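Next up: just one chain, as structure tokens, the form deposited in one PDB entry.
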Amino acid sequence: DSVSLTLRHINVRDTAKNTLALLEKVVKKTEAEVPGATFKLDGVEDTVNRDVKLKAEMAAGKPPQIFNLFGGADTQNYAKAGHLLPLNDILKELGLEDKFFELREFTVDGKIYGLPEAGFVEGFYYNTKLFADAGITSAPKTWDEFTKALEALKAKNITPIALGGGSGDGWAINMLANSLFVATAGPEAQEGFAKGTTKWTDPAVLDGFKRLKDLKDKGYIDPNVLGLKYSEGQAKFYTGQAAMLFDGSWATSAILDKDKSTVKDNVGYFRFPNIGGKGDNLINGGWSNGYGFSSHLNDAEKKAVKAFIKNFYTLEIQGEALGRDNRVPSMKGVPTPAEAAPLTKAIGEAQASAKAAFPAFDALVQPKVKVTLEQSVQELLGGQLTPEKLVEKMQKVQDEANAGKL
């Protein structure tokens, strides 16, 4: 039987034309395989869709059948209102329930209400030529290999780690801290902060901040860290003046910039190295944008939605977006097409080989906690706050935030 579905998407600018062509290819395949089902693509600017169009359709109880959806508050509100299709059974039928890095941003009371299309990871960009100058012939696999790479770089008077964390950019220090204390304490520590089951003051979390301070005190983190903006820290790396940079994968376009980058012919990438505890082989990431589906569906619409999901959420489709546009997969194990750029392949392998991902701590704690950590790590690197006093300050605001509801 005939069924028409509107597919609200955000791939409207010319820079998104290959992602749109990817979507259209998936649609055509789905329409061949489910005769009678047709998809009317409705491209709308991302912020217009989020803040205006989808929001009003949801208030009216009439979303399109398929729509670009953000995780977090948006998905929480629309699921609560009953307008999002629960996806648990479809994922199980398609064998997809364990194939994504992280669905928590689309999960409400155990039920999955959306599927991220792409996201970000964090890791070390590094300069292969500066590494070779210091005798480092491969990326550090482990923390001990990481510290001796740092020692070798310092001995050659090469700034080891670029970082711009001054003024209002404490969040950039928190990227590195984030992953250091997940490496020292494991991912479960930060999951429990907002629940009261774990604490910022736990010794393995404290250890991460002690290691962070030691990187700064030994000159491995750029001594000028607190006098540099985030973008200037990126600049320190990509103009060739630091051996590595911990940053999110959104920074690839800056690292490969046609006008500003001098390292784009000799840049590599590696995950945060293994310390040997509960955080080995994990990669930090976030996946907050993808497709949600209307709950207000007849049987024909439910069949076409499942068929679209089956054809869209595949390793091949994920891999095409990665290779062409440096769109970081939401799905695990995605291979990079051989035609991709070397840095794209480097990030893809670091992500694809990861055992699992963990969220940014700020996806797990209250805004006030996030703001406090940003100020605190600046004072930590600045020698004005000890690691012990940082974690007590953090748990004090964490306790107050948790009492905010309960």
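Each form is matched to the other, and the largest set of C-alpha atoms that superpose within 1.5 Å is called the rigid core. Residue numbers count along the first chain shown, from 1. Residues that one form lacks are left out of the comparison. Compared with the form deposited in another entry:
Two rigid parts of the chain turn against one another between the two forms, and the hinge residue out of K195, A338, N157, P367 is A338. Put simply, the small part of the chain turns as a rigid block by 57° against the big part between the two forms, using C-alpha fits. 1-104, 106-118, 288-327, 329-339 make up the set of runs between the two forms where every Cα shifts by 2 Å or more, each run at least three residues long, with the core as reference frame.
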Given for the second form:
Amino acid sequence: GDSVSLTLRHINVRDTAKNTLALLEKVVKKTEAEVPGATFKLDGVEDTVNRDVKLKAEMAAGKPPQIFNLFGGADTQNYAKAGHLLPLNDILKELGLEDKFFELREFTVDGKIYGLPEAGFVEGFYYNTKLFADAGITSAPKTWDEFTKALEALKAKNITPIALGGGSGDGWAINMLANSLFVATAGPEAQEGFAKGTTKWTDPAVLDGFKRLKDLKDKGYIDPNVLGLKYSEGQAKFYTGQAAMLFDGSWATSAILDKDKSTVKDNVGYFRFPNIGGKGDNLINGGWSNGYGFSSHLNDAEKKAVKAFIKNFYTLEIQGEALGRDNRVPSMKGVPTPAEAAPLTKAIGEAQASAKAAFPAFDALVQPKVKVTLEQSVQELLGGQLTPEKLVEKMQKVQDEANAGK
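Take the protein just shown as the form deposited in one PDB entry and give its structure as the form deposited in another entry.
The following holds one chain only.
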């Protein structure tokens, strides 16, 4: 016929995501108004739970939601090759969207597009300029030695230097910082070779990154309470003024600028991960990695509703509102930058544009079992439960096991 009901899986569940959810609901309402009979049932799920358990299990059963928050790289590759992702090339051409995205490479398998980035990301250090000034730092550190000097000065003032919430199942929050440490010590191509068999987690330059990560914790630069706080609590420690910096993705800018929760809005700056002097200088972790994918097991009315949702979500107006009102870097070209953008906003753009290149997050490049093994391992590493050497050996074992199976 007919009238259809589609499940829309999203991860915009936290109070710091109210903006993003409201924009999604606004898009949904517009789609329902122009497609009679089409109804969307929003299913909000925690980020780790959707990506690593719920959607993973649904896809193993071959029964994903019709619409779901999806990650580029390994996740998209697995579900595309299992045949559970709608190919989007023809929809994009029909909607005149074929040429409008900055980068679809993470969502592309054998030339076919299997999901659409909602936004871009970078990762970097948010920092409190007043807490820095209290400790004698007057500039954001550009180099690693400038960075450790800042950490020393902060610790000497009994200021918690680096907030980080890596407890419970939020090991990925530690991996954001690890992520960029081992690209800085080993270079961006090192993480590309793990899945290829051409580099190893045990390579000395990679191990060096994890040595430095542990040392940040041992010296008290990473919050001693890192394993006692969930991701969002680590975030809150920074934006309530209780620690001097925070390594996080640009989706976090909203939380940090939130009027009701942030005490630091007049005193926040940003700097890229500092230069160590190897193959990763002046690079930035970033890309277009996260957005919506669609089930391939659709009847014609489902396909019509899915096309209309894509039409109404991936539009310059919706992208510009996410940028101006939720600080989410556009995934589409041609989005004008809003008026009176906060200093923080100006700093993150300068950080992105002046980078010589971006490198993706490692979880775009390695299988899910490898990712979750690292998550568990860095929590151990920061808890006195694992040495840097034992971590890299553990990682290369699961890497070999993943490469052999695939």
